[PDB]
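A lone chain, given as structure tokens: the form deposited in one PDB entry.
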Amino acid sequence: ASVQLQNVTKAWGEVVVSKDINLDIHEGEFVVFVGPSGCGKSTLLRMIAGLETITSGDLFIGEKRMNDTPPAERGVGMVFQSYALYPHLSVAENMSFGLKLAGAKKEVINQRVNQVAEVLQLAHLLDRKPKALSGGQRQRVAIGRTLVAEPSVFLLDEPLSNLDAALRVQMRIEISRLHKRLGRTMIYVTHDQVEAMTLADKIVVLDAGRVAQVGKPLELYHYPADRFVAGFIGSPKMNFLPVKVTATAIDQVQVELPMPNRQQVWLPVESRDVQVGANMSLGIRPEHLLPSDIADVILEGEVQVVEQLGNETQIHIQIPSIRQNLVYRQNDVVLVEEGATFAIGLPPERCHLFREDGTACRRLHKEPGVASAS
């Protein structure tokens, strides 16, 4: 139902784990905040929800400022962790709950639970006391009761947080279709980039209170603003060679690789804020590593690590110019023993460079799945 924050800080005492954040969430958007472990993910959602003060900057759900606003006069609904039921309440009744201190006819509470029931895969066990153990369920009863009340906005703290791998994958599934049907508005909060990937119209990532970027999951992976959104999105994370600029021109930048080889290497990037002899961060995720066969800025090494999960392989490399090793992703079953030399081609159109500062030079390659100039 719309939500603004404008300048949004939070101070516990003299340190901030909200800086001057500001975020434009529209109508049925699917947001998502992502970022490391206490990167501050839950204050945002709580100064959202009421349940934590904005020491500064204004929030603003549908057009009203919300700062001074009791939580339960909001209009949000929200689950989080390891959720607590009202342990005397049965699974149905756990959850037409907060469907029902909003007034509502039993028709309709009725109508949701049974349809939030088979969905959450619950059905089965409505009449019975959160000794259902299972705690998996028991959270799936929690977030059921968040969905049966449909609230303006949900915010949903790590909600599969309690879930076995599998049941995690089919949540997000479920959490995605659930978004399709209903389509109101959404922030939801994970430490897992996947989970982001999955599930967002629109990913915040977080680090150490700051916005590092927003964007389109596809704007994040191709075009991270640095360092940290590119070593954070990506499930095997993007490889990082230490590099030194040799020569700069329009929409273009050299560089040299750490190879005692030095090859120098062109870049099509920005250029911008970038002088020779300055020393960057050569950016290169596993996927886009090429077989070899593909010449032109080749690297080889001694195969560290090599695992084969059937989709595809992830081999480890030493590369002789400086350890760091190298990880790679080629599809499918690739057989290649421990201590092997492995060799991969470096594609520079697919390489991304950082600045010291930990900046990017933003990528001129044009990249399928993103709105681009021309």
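Here the rigid core means the biggest group of C-alpha atoms that line up within 1.5 Å when the two forms are laid on top of each other. Numbering follows the first chain given and starts at 1. Compared with the form deposited in another entry:
- Core-based superposition between these two forms shows that, of 208, 276, 218, 108, only 108 has its Cα displaced by 2 Å or more.
- Positional change of residue 288 between these two forms stays under 2 Å at the C-alpha, relative to the superposed core.
- Core-superposed comparison between these two forms: CA of residue 167 displaced by 2 Å or more.
- With the core held fixed, the Cα of residue 176 is displaced between these two forms by 2 Å or more.
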The other form holds:
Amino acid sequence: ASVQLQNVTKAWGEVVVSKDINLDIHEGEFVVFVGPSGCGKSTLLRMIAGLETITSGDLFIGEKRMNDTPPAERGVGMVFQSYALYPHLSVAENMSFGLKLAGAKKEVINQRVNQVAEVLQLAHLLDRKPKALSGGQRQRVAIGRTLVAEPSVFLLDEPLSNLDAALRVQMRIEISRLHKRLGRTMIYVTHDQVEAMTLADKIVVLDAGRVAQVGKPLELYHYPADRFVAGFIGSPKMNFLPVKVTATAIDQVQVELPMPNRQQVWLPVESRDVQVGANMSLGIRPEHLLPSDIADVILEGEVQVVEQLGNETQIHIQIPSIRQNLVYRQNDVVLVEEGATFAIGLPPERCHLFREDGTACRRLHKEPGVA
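Structure of the form deposited in another entry (previous: the form deposited in one PDB entry):
Just the single chain follows, nothing else.
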């Protein structure tokens, strides 16, 4: 079912954790909530589910106002962040509890519990109580209990966080294929970037109780609307360099790099509310920086940290007149020493630009995969 939040506010006395949030979640949409640890993602889920009171504003589920509706009557199932497994019941009993409460046939109960247990790789653990399980197994029991129930609105709170990489990939495929089969509304909370990019129809980025941006995965990646979102979507983080504006066109902004040589570059970025002389923040992603031999704009500094990841090498470079180290991603194993001089390229069209107030100067370079 559809989920709508109109001006939803949540307060714990004086501590406000949701400030006039407006979200429109359509039927069959896969929505992913991301945001820093402590920004109010679970709070929102618990307000939808009816486990938390709504201070002011309106919650709609299936076009119906649900503020004062009891949790059972909301058509909502949740994978709790803390799992909330019934400690006295076995895995099988946990996953089949809701169907037992309802008027479900014993045969249908045993059918879907088995099938869901198979894909979750829990079939050998059916008679176990939660205490005789590992943390990741417990998490999968929590997922399984909701999958078996098949509610109108699925709420998942960081459900893959304690699973190994290989298994995380497998569960991700399962949830996605369940989304296509049933065509139901799913609201998914995660810290994992791969999950968010691959599963979402749409991502909601939350920032200290406010909605920072709502958009398609690639839209947020290529076109973040402010400095917060830019630095939050994509990991390792976007690099940020302080620059000064030297000239503007409607179509572009000329900035001066902070290095002693004061190199100047035209960026295909909007100049709306951009003044000559203003102090801005240039953004450039580690993956988007170029090898020095194929670049016009050259940034040179000293290697501070080298991280060997097998598939790739991440090199942290300290550049004169820039406080924060620049991070650079390189394919394959690259054997660079700490202390070595290292140069990289700064490509104008992949550069982001942020005003003093943090808002993004909208990028005008057309990037593939975005309509």
